[PDB]
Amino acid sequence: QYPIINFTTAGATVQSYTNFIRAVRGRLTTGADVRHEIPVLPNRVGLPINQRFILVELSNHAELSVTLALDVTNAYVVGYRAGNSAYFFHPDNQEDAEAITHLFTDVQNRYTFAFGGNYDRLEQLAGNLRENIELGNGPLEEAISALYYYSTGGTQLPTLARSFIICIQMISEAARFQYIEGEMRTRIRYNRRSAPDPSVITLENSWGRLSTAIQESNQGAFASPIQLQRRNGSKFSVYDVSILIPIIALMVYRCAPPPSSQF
């Protein structure tokens, strides 16, 4: 019974996309854990299998549909279903391998890719880095068709990998970061695709570090500042959770919240 959120690229607007992302964050977080105003994803440790995934059903103007499975612990796209086939990225560990057996349980054809689903591996397969892959509603429309045609040989591996790269950033990264959701809003509003700039790429690559820096901070102050990049590629130093409240929407669980040492 995993929850399903629907989005279509057909006639998508800033509003329909914002409703989608808000719904996905609503199914990822439980309200149990908020630190400095920033929600934390459920802890993997002890999380029951019936609560472990959400499903995102994507449809497009071509009238096709694919369903992505996201792990609630990290918002990671672990696989997808297109009609009678499902495809999963190579799991990180035995427990995740058992977990994905609980997805798409009726599907006639189940495959586990031999490669993992991280950006570095997908960029190698795609023959292109994130910085050279355009995002927006047109890329997402195209990516939905490409995932849908995989099983029949119509979609080549490099184009499947590029299509995952588009879906992950427009769904998981946008759920993780209001900043990235706003970057996608822009592209959808003007119907103008464009590759992510260094502000988007540095936020993506730093999500885990920022999650840990916030959770281990002293009252919000980082022991070690983290360097991000602005749009023009110039350095932006982060010393404190405060400047990230408009930027990061949710964190991956990294440590227990200390007992509130209150004055």
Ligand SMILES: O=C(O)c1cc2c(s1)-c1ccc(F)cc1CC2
Contents of the next structure:
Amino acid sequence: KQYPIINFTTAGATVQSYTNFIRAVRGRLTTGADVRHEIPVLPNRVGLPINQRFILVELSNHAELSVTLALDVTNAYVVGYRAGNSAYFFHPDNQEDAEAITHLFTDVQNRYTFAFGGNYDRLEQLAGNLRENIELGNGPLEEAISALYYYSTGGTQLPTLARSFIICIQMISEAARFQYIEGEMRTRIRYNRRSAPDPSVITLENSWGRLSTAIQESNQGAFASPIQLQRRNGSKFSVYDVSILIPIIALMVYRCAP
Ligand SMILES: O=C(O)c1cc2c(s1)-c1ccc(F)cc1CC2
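Having seen the form solved without the named molecule, can you show the form solved in complex with the named molecule?
The complete assembly is shown below, putting the previous chain first.
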């Protein structure tokens, strides 16, 4: 009667508690995943029954405010959230996705669909800040949780809401998709620091869809054409094969193989 729920709190969070959380998120994302090959592939969108389509991530903080993000199991992305008696959804791209989200938070009194999508380019415009200048860490996540909650009371303006989504999406969705990004967050929690993501993180995020294609279309693990990534100092290199990415990318959006 309800989708799977994973709980996390910034209150007293540790390296261990955040590692447990991301491991549980990946576990729920991959109940229907294809795990026969080198890297897990998320369930195919087409033909996926609506009762397997979403998972819920319930966040709380030191103020004991709580919000619940809905994640699409087909791409691990945040499609909307619930705060109190209100639910808020990004603009869906097509009618089928708009129908699927009517199955979320079906008890709330107030449902709203934003005019805008939840992709980074749009959220950065709304926030007035690029990912490069938005700090990540337990502190930022705590503030993001309160901002998301108080959106429902009128206490949060849209630019701060957008910045809060950018923080949640990176620390949950992208940490679930990439062991590399989970490790970046782990280091921030470990040393109690808040800091913006370096170019290696931003380029991996921008590349997740392209990597998913390059990998699932590989022949004997070899890419058809290289894809370029960045080091933490911004220098660029190419990857040509699946194996080197096994430790880096934990989940892939389904893609067709010829
Ligand atoms: O800062 C550094 O020295 C490095 C940053 C990255 C490295 S190395 C890497 C190597 C091979 C891959 F398939 C993927 C990545 C992710 C980004």
